[PDB]
Amino acid sequence: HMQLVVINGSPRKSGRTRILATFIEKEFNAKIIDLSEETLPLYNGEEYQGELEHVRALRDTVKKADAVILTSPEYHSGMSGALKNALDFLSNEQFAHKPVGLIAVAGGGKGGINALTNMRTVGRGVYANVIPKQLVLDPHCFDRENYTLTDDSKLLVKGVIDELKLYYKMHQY
Amino acid sequence: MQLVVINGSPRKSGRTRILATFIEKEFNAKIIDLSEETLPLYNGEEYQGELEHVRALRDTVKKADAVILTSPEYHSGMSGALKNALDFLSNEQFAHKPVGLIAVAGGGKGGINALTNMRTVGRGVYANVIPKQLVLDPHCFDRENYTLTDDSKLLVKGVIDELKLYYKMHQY
Ligand SMILES: Cc1cc2nc3c(=O)[nH]c(=O)nc-3n(C[C@H](O)[C@H](O)[C@H](O)COP(=O)(O)O)c2cc1C
Ligand SMILES: Cc1cc2nc3c(=O)[nH]c(=O)nc-3n(C[C@H](O)[C@H](O)[C@H](O)COP(=O)(O)O)c2cc1C
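Protein sequences, first through last, are from chains U and E. Residue numbers for the first sequence follow the numbering used here, beginning at 1 and rising by one. Residue numbers for the second sequence follow the numbering used here, beginning at 1001 and rising by one.
One or more of the hints may lead you astray.
As the list claims (entries may be wrong) - Footprint (simulated), chain U over chain E, 3 or more residues, beta carbon under 8 Å: (1) 1011-1020; (2) 1033-1042; (3) 1054-1066; (4) 1107-1121.
Simulated from the structure, these hints should not be mistaken for laboratory data. For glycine and all other residues, C-beta sits at the position ideal for the given N, C-alpha and C.
Based on the provided sequences and hints, a complete structural model is requested.
Structure (structure tokens):
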């Protein structure tokens, strides 16, 4: 019932975040926005960008979503430049009161919380309802050799989606 | 005292460019003007490190004695254009470098979220982000004459003056 969109915030074609975003796509029947495809240009605020097929598709896909998972790697203690660039095309027109769940992909140690805070702050900036439950996945959460999440990491991801579904239900109610 | 200023707005007609070009001219700073769109989207691939503009970005920031980061506040964060540019950089160019933050906002309480994002990312590349920071709102610009107001020029000088003191301290 919930029309879920997942944004892959990593621009790296061979990166870890893409494993997570494609897991959500396949396992939860989510529409992926895969920033590793580089079909969205740098935002420059010019009118012609609003006519580009991929800018219109980004805006339409996020507006129509019942809920969004924003995934990002932590790059230098923030979300990716790629993800922020995509969000610069969007606004409260597509996000107002939309349930949003955040998942960051980190390099281990204490990485990921700075990206999650950046994402929560920007999320509130477009007036999304960023849910309480959030998640950081470290490299041990990934089997890169088989392009998958570990069983434990699939369960942690499901926990975010389950809460996001409860927030979707409340927004419908 | 080799100063670099990054214009974080990608908008050719934007306000932040007035501030960044003010600093370039008044304080003899080298500008990195992201409205030129000569830097592509970061993708981590090896070939990007051979691009002239990526090499220029890295060399310009590495050799700077001090850096002003300017950004507009876009959705309560620094611009995607500025964050994209920083994703090319690292502690290799920033470690212990004095860095001053100036955000350009739309009025009201805008600009602090951008400053916070820039300070957190700046520490993440191990810069010494100085205490003094600034937000300029639309009234700080005379856009018709492509200039800052005299009051705004004094505020910008205050940031530069503190950055020069931190530069001198780092010369230890
Ligand atoms: C430009 C860049 C900066 C990074 N900075 C951080 C960091 O601040 N915190 C962190 O936990 N990992 C950092 N990493 C490592 C990522 O967490 C790691 O690459 C992870 O797999 C997610 O990125 P990916 O989806 O592109 O693979 C950084 C990696 C890159 C490419
Ligand atoms: C995509 C976008 C989002 C913006 N979000 C914010 C915001 O969160 N806070 C704010 O103070 N102003 C916001 N503004 C207004 C900017 O502060 C204003 O455009 C200002 O002139 C700086 O941007 P510029 O240098 O591109 O002109 C936003 C503008 C754009 C284009």
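Hints versus structure:
1. 1011-1020: holds (count 4)
2. 1033-1042: Contact hint for the stretch 1033-1042 of chain E vs chain U: holds, 5 residues under 8 Å.
3. 1054-1066: violated (count 0)
4. 1107-1121: holds (count 5)
This entry does not satisfy hint 3, going by the numbered hints stated previously; all others are met.
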